[PDB]
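Heads up, the chain below is alone and in the form deposited in one PDB entry; it's given as structure tokens.
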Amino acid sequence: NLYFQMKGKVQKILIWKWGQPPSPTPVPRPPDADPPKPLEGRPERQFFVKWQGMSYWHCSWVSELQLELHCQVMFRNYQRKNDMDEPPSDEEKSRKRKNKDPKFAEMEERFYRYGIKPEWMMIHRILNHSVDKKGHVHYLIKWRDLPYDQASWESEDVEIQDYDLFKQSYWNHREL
């Protein structure tokens, strides 16, 4: 991925940071070469977004240009309310102690430090399911500390804490 993926429609910008420009260095060398480096570009703004209809697991980054081309009205509002030269920053000393767990560390670097509460990515319960013509199943999930109306679908094949434990609960208590 030499560039940012558009996953759907952007719902919200959670945060932004300055970042290095796309670079070609990442293009694999052929197996028949032996013993090239580009000059560093102007940093640009990168944006962490939530997508419409999708849980916090899917939050990813987009470029200023993608926001300009695809959410100009909502991006125009964002720019006018926010400082666009300096980016944004009980809750404190326990982000520290909880972090010595490596799955937490990883989630913290990837998600929580950009404004996602840990609970928002935890299954509260499964509400329903759907099947493709393929037979792949999706589950409509209520997340912890988020309303029912913010329930969202996830593929069965995803890796969320105790996903499978909840699936079995859903399925056991469904013909009772």
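Just so we're on the same page, rigid core means the largest C-alpha set that superposes within 1.5 Å between forms. Residue numbers count along the first chain shown, from 1. Compared with the form deposited in another entry:
- Once the rigid core is overlaid between these two forms, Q161 does not reach a Cα shift of 2 Å, moving by less than that.
- Core-superposed comparison between these two forms: CA of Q20 displaced by less than 2 Å.
- A displacement of 2 angstroms or greater separates the C-alpha positions of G41 between these two forms, with the rigid core held in common.
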Given for the second form:
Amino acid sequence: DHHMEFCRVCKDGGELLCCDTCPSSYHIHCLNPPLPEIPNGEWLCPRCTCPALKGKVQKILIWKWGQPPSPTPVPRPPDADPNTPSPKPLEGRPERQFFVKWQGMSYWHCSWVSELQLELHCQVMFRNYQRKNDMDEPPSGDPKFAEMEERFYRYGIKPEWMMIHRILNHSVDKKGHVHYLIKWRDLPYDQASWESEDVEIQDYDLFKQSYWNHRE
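Alongside the form deposited in one PDB entry that was just displayed, please also present the structure of the form deposited in another entry.
Partners and other molecules have been left off, which leaves just the chain.
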């Protein structure tokens, strides 16, 4: 009935693989990784199989090129010579990866999402980010420090944004786990966020007892 008559990747027409649960259409050679032939039965396009975000995106911090997926293997043609090598597997390509700050979550919960995810679920924010950033080459900007530098700081996070300034309130789960509302250093109060009792925040215990002394 109604599918794109034109590839969602390159915007050309011709032999198109059409999704079974959305209007999208693709060339088999434009998928990542490419396909050697139109499969049979059900096919779900990369957009319908796209994982869901764990929350609302507040800010795109940095991006990097991710690793290409495993190539698509090509069956040997049925009339092949035993000495003929099997066809080269169909090579994929890198996709952009984005390190994001989540709405209502502290910089402890920053995590990576794909370009396909932002394109689907945060397209306004993402199209704004593309406009302000060179998207061809990513920007470049004590055991525990090396672990924090490696995971958070190198990606554009001030250490202070992950240090406690004040604990403002508490809450108890249905399961009895205590949760604390944390004001973070170098960030306004509207960036305070609920954090688990069990997160390994520097001096966590010292701010907990300071909070309860305030209740006295």
